[PDB]
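*Asks:* Assemble the whole structure, with the sequences as input and the hints as a guide.
Number of protein chains: 2
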Amino acid sequence: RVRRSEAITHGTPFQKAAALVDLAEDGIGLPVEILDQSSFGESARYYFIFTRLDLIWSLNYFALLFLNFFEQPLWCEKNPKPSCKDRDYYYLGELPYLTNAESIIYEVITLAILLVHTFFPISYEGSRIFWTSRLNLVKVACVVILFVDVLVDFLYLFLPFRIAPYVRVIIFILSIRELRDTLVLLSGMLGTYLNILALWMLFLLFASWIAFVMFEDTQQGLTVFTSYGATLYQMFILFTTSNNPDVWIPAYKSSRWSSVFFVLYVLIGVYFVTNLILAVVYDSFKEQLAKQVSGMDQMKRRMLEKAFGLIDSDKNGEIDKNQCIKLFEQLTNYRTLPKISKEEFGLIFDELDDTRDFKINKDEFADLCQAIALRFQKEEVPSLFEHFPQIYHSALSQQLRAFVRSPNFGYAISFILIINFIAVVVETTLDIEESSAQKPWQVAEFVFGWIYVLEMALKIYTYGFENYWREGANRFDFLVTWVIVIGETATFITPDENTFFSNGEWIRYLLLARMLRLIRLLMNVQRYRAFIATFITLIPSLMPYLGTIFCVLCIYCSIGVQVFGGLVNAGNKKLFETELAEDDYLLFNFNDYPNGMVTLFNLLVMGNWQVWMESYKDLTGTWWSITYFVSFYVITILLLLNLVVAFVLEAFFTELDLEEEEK
Amino acid sequence: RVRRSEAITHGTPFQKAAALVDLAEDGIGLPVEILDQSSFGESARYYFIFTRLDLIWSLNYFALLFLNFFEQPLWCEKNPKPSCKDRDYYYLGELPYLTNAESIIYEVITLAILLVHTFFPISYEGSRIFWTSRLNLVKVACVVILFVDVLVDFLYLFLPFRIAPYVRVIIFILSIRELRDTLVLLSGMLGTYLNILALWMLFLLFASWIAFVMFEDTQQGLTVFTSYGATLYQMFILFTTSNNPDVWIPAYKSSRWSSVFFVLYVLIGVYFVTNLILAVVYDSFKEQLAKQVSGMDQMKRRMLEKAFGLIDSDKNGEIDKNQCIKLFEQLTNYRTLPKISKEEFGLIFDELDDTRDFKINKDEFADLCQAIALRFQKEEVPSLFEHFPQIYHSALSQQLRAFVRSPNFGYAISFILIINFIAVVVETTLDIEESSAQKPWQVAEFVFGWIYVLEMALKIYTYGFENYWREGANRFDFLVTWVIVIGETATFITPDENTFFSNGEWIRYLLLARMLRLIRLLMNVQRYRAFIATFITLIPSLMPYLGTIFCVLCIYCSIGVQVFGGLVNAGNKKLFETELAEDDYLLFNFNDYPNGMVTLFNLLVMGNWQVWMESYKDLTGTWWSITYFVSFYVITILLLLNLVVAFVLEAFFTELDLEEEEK
Ligand SMILES: [Ca+2]
Ligand SMILES: [Ca+2]
Ligand SMILES: [Ca+2]
Ligand SMILES: [Ca+2]
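Chains H and G, in that order, are what the protein sequence lines are. If you use UniProt numbering, the first sequence corresponds to residues 18 to 174, 181 to 686, in order. If you use UniProt numbering, the second sequence corresponds to residues 18 to 174, 181 to 686, in order.
One or more hints might be untrue.
Copies of the same chain look alike in the list, so a pair counts if it fits in one copy or across any two.
[Unchecked claim] With a cut-off of at most 27 Å between alpha-carbon atoms, the simulated DSSO-like pairs for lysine-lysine come out as follows:
#	residue 1	residue 2
1	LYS276	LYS597
2	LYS365	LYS382
3	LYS98	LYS323
4	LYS276	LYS102
5	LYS597	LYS98
By construction, these hints were calculated from the structure, which means they are not laboratory data.
*Replies:* Here it is, written out as structure tokens:
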């Protein structure tokens, strides 16, 4: 019944120790310098008043990234002979470019929020240690670069290019803990990664030399492997199996036996070498992962040990039973424990140890804290609505709480979901058949959204906002319910022909999202339990690595927009000779940021990727351009995708071990 | 100085026990029924006289498979309007089809050798147990099917199709011990592998239904997702990322926001589902592999304990030191051991065990045999040329043997390898520039060939053929050396303008194969030690699994030839509308067996695989045609390829664990 932050700011040393150990078991780590302070009153107060506003900081950071995502392309700022307003001419569109006034206003708001956030910690942390930390200095450097950039931009209304996007992506990276940990792992693994890159480059060079010397006199060498450089380029492309039969079709036409060589080369390359590369990364990742968790454990224990130092003023490493009983009484509130009588506890103690005045030392106290936390679940907060006692204690209210806490509500919700499936599938069937009876079924579907929002309100009322928010799936359900209700009220408030809301089809998809929870029932069977559990666990766990890949994609998009900005034009004559026009890929150019992101995603999956490389090589006229693409393939596909594969495998194995250790 | 086979056929029980424990350490397992026999004299004699001819049996098996590989296509046997002689018309060639007389003679010889091989074991094994074994029964079934097939073929000169190609591939599998074990590994996997396929099929069905209903009203669904059947077909291909931008290029043109759905689906499909499929295959492979090695270990110990039973006639589990010393005396011949004096061993025993008449029990004797072999290397056979003592004991001979066994000989050959590489690169450069000075340099390469055959003769002479053959790397060099001298003398014996041998460019590739030993020198550096060591081990270890994939291709090649034999024709009008003609893929048809193996390899590596599926679907005219390609992707690419990926990863980790425990 005591708030954790209120426990930190004021309370007995026993209350402070209980709250600190609860924080340790939660996993949150307080800043180190705050622990060193004596009772850290003002610093803790400021720290929690800062932490209370985390959502605002995260929203500001996402808005800052979307500012990059929405910025006008630089090449359009330079005067083009046809205006940049013509969307169809440059094969770009479907997002509005911010005007100068709106752009500067949005940037000023974002920069102000970022500045106040990054300079808040100086109030509580202290000047000297704040200036000591390297993270503070790099963040200050990023924010001052942003400030000078926006200042020179405002005064402008010469720079060869705009440096803001990279800086803001970097500061967005430094914002999040998980992204920082991922970068630490990557920096650890790069050292052993480069050696495998060197071996792979040596193998490619040797194979390319063999192929070039073998096919020089033949017609296929005259057609494709004209020189050693082109031979190495084609061999590197073939190593990815992007164009297997295309590169050596003339050799196969000239002589059938030649294919054997290529059959010999692809097999040893794709199956022996590539997998080996993955293996290397795999091992390294595992090792680095261990290091990280080890450090985390140490840090936790360190802060945990502070509690042992906090409870004892004389700090002689002496713990007394009459002193520890207060700690147990404090923890039984935070974590549920069986009711223990004082006489019962005394009998347990004196039968447990024959020696009089037995002492619990620091290490076993730390171990038993972990043991009691792991064995017993946490105790939920009573309520945030508890301030009104009459409504809480009302007979109908307690009957409703008893009803909802029973699983019968769960079976009722599952039955509603099944009826929802029947209704949505029949409505979609009628839509496919283009019958006129779709509207009543759509109106009935609206009632299901009403039922969902009502049940969500009931659950959040009975459990409490924090208890409801604690469950991971509950957050997704809450977001889905709120977006459904927003769409519903937007449609109902205005009886006008909207482009999207008037049709009303969208609602069905939202229901489908809410219905993914049925897949959870499939966890019941033994055959698919491990697969379903691993798939569910991956979604929150795999987020930092996907975010790192996304931010690398953003950096590469920012790089590509400047170099390949205006090359793809409708009036350009050289473009139609390239394969982009032949295959109708012009929509995936690098003209603006969203198109760059889409084409980078397409390059990421290795689906017909060499067409962009050689098309842009022909368009630019310089070989060095391919470096960009080549660099990309080295950075994200061989390293980051293999990292994702390794993480998925490790998660699956840990899930299997956890499943098997139950029996 | 005693032959192992001679030890089995005749000798003291001590010699028999020593030879049996040496066999156990080697890893070869004698047939179970022979062990039960009392001294198994005649059975062992016949068993080793059979084993002496293993090479002939393996050559017969490979010839039998190549018989299928060389057979005339069945559709050409039916009368075509243009003759099958016209190679260019049907886009087939570069291998000669056997005439009826040569075909029947070759098949008769192969079948006779197969029959005598498969019916030899009845002589020693005994009738009842031979008929008891299921492997013998299935092999008899295969051979009798082959016999009746060749008989009806000879009498013919009606069957809807020829059953011979499938049968002779199957009997090839049961021949090799390594391939038999691999199929046992697979049979356990189908239990858990089929379960995941249900989830994968369910995911495709659900995702395709969403995509079909979403885009039905839009323009893109009018073009591509015309019906749900085509929608599932198109979504399945996109799961393989074979055509990522092509499938949803009309949707992207109509509305940019449509890309969000396809980006989301590919990401959750390729990165989550595909890797989870690999994780399931990886875990089952590790589990099933443990079952195989455990059974092999149990079988080895079972035959190992027989020697303990054999040495003790009364078989009361009593081992005597004066009885045991004879075993130690015999093993020092088979495996090198430090010289032990009779009195020295006596002083060892009493201090080691205070109790008088200490007995070695049955169990630890097996464990002792394992311990001694691992720490002490095997003793090489003296020589097969030892029958001539004067040449062996010649003054020059012993000096020559001292030089080669000394390490200094190793540096000399390594120096020659470096010089050879310089000679090759300078000779190849002249060919690129087409200078007239290539011919003098080309002759110098022939001289280095004479060096390699000479050094091979010296090495085999001093070590002996069995010692030389024991090392795996020496076996590779022996074949390379012999193929050089066979080709080298062919040009010299016949001074004529050969199509290939006259040019002489073939020698450089054989020399480069021999210089691959320089890679073994790169193992010294610790940075590249793990990568190179695993790569070398994979080549012999990965053969049984790669062989299984090859045999699966042979079965599908026979199936493809019958159904798609005559579809691809130059005069065929519908063919040019297909994508094979547009992309110039006509040379990869299924017209004959040699072309079928090449095109199936292209489908194996995911390289533009969808063109073959939808070209033959239009060519055949039936939707059931895609069943052949879809079944190929599920059975081979998802299961077998992931198994290869699983094995490569597992081998790498064991290499790291083996290396780290050295320190
Ligand atoms: Ca004390
Ligand atoms: Ca509609
Ligand atoms: Ca005895
Ligand atoms: Ca030449």
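*Asks:* Which holds for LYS276 with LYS102 at a C-alpha limit of 27 Å: within a copy, between copies, both or neither?
*Replies:* Between copies only: 18 Å across chains, 50 Å inside a chain, cut-off 27 Å.
*Asks:* Since the copies are identical, ignore which copy is meant and state whether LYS597 and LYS98 lie within 27 Å (CA to CA) inside a copy, between copies, both or neither.
*Replies:* Intra 18 Å, inter 48 Å, cutoff 27 Å: intra-copy only.
*Asks:* Pop the pair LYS276 and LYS597 into one bin, within, between, both or neither, using alpha-carbon distances up to 27 Å.
*Replies:* between (31 Å within a copy, 23 Å between copies)
*Asks:* Evaluate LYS365 and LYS382 at a C-alpha cut-off of 27 Å and name the case that applies: within, between, both or neither.
*Replies:* within (18 Å within a copy, 63 Å between copies)
*Asks:* Since the copies are identical, ignore which copy is meant and state whether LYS98 and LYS323 lie within 27 Å (CA to CA) inside a copy, between copies, both or neither.
*Replies:* This pair counts as neither: shortest intra-copy Cα distance 62 Å, inter-copy 83 Å.
In terms of the numbered hints stated before, the structure departs from hint 3 and from no other.
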